[PDB]
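As a starting point, one isolated chain is supplied in structure tokens, in the form deposited in one PDB entry.
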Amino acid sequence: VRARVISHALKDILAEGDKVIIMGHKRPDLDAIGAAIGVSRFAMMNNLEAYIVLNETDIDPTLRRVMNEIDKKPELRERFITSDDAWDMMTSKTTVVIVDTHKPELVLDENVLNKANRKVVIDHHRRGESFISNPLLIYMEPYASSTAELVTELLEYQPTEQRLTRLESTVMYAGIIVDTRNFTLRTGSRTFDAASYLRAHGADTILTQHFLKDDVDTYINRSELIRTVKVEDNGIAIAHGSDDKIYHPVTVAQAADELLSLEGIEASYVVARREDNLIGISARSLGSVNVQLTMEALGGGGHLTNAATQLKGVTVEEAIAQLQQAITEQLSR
């Protein structure tokens, strides 16, 4: 019933101003874009005027794959405008809806935020210190999977002559996929209700997969690391890169994450050269083995299930030796 009330109050706020400007966070991912797209359908269902703020430099390679689809459909492509155009078209009666963030310094264009007199915030994160000043409406649900999930709930209570389209529901659906790691994290019954709504409007599994495809080369580098793993009887897994090959930190972190998906692994440590004189270790855990303590013992840190260190002046071999020492230490307490 609470989404129903938010939904009708947002419709009133939007109808009230002269148009709607929608913005997510700097370097938008598919949830910020999908949420923004959902709010522009919200406005349209009510024959209101709405735009989504996006600059060419905001479009990372995952987003470019979405934009290539959006370009095939002008009703949808025409809603996207630059920061400059957004600035130029705003009056004191324009409503800016901020999606998928709540912190002024994270918003995609802070200057557009500063220009605005009427603000709405829809977000699924834990509110901290800074916060959008004087919103007319706040829809925050730190338990929700994603802003797409939140906006999908608002859509249900709005007129249906101008329905969510197939492409639009696919982008929203992909945002939920990215934020939940395919219904693996932060996923509640309401996440599945949002998926059902999106799916009933044609959200396309295959196109979503197309957006999220992995590169062949990075799959092959990640698996070079993994193919070396050795797993001890207590579930401790160690994998490494060879001493004269430098690995991208992103690949090392992924390999560490990927080891946890395999049977029998309680915690993973992946040791790979980072530079000419620098060895990285990425550490992950299911949650029983504390990889933070072992990385701290080696001059790094992070969290209980996710930590790392960088070791100056050692080979990969020596790094592996110092890690085994730290692990033994910790295990004998």
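Positions refer to the first chain, counted from 1. Here, rigid core means the biggest group of C-alpha atoms that superpose within 1.5 Å across both forms. First, how it differs from the form deposited in another entry.
- Comparing the forms between these two forms, the C-alpha position of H124 differs by less than 2 angstroms, with the core used for superposition.
- Annotation for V291: C-alpha shift of 2 angstroms or more between these two forms, rigid core superposed.
- The rotation of the smaller rigid part against the larger one between these two forms comes to 12 degrees.
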The other form holds:
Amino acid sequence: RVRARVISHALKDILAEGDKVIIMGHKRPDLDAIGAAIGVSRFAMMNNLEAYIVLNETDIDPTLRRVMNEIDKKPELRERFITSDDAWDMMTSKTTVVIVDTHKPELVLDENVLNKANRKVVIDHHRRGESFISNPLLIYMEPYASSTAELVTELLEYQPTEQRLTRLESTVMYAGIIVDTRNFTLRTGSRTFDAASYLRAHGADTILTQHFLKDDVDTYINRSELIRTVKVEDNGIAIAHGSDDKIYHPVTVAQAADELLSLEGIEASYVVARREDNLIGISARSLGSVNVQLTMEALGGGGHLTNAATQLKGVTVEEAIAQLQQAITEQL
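Having seen the form deposited in one PDB entry, the form deposited in another entry:
A single chain, with no partners or molecules, comes next.
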């Protein structure tokens, strides 16, 4: 964590050297993007700098809308959020733009604001890709961190404490970590917990966080409809499916596969369900022993060791299942 100290003070000099700070994450921002951004704006405010977060009404999905409702009703946080246009009008060549939770120009919330910026900072927890923000004054990329919220939280700890992180700000930063880690089950290191400690110390509300993230009744029902069918082999391979005649939401199929991993005896889950009139979807997950990337690549799809997917043209659910088992027996 030598890096966090140096980066925190280097960041503060860059931000203070400019006339003000404009913060953006990726398009259709999730709670890590928004929590990280909130975090940076608190970073700016601890040093009495002027900071805004770019967000348009059309960027606000249902999860984020629950966060924003809370922000409107219970603090003064809303004043920091500004539209693209207001962002544009307000920028000068001395304005520092900080990009959080992405590093590809084409994924940035507003690429025009990005292109107008002479001064850029990038903070993200993925590894550098093909595209990358051009000519940044400072790059803070940590592939092994849980989330951008975690990275930003660490930077806060080095800054003056007079203008402290508020309860609601820390709650959104916390929610972002919860989402990116699947409640501390993925990409969670001791430093993730260090960040969780700092945030909870500043009032991060675990109950409110749960509230932002509740699924609805229909999703639970559709999902359990898939789970109910599960057949678990002795080797820990579980297959579940929807009727050939029922269309399922792709996310519901993914969730079903996720949830089967919480059940006794299941090492790897495969959920098979109609996605379109002429397309069958499969989502696969595993706890690391069985490689589902391999299974799905054998069926013309792909992904990663623990989570992959494929889609099959012009087959019935029963045919897809048979193709799937053929692949499994071959692989295992």
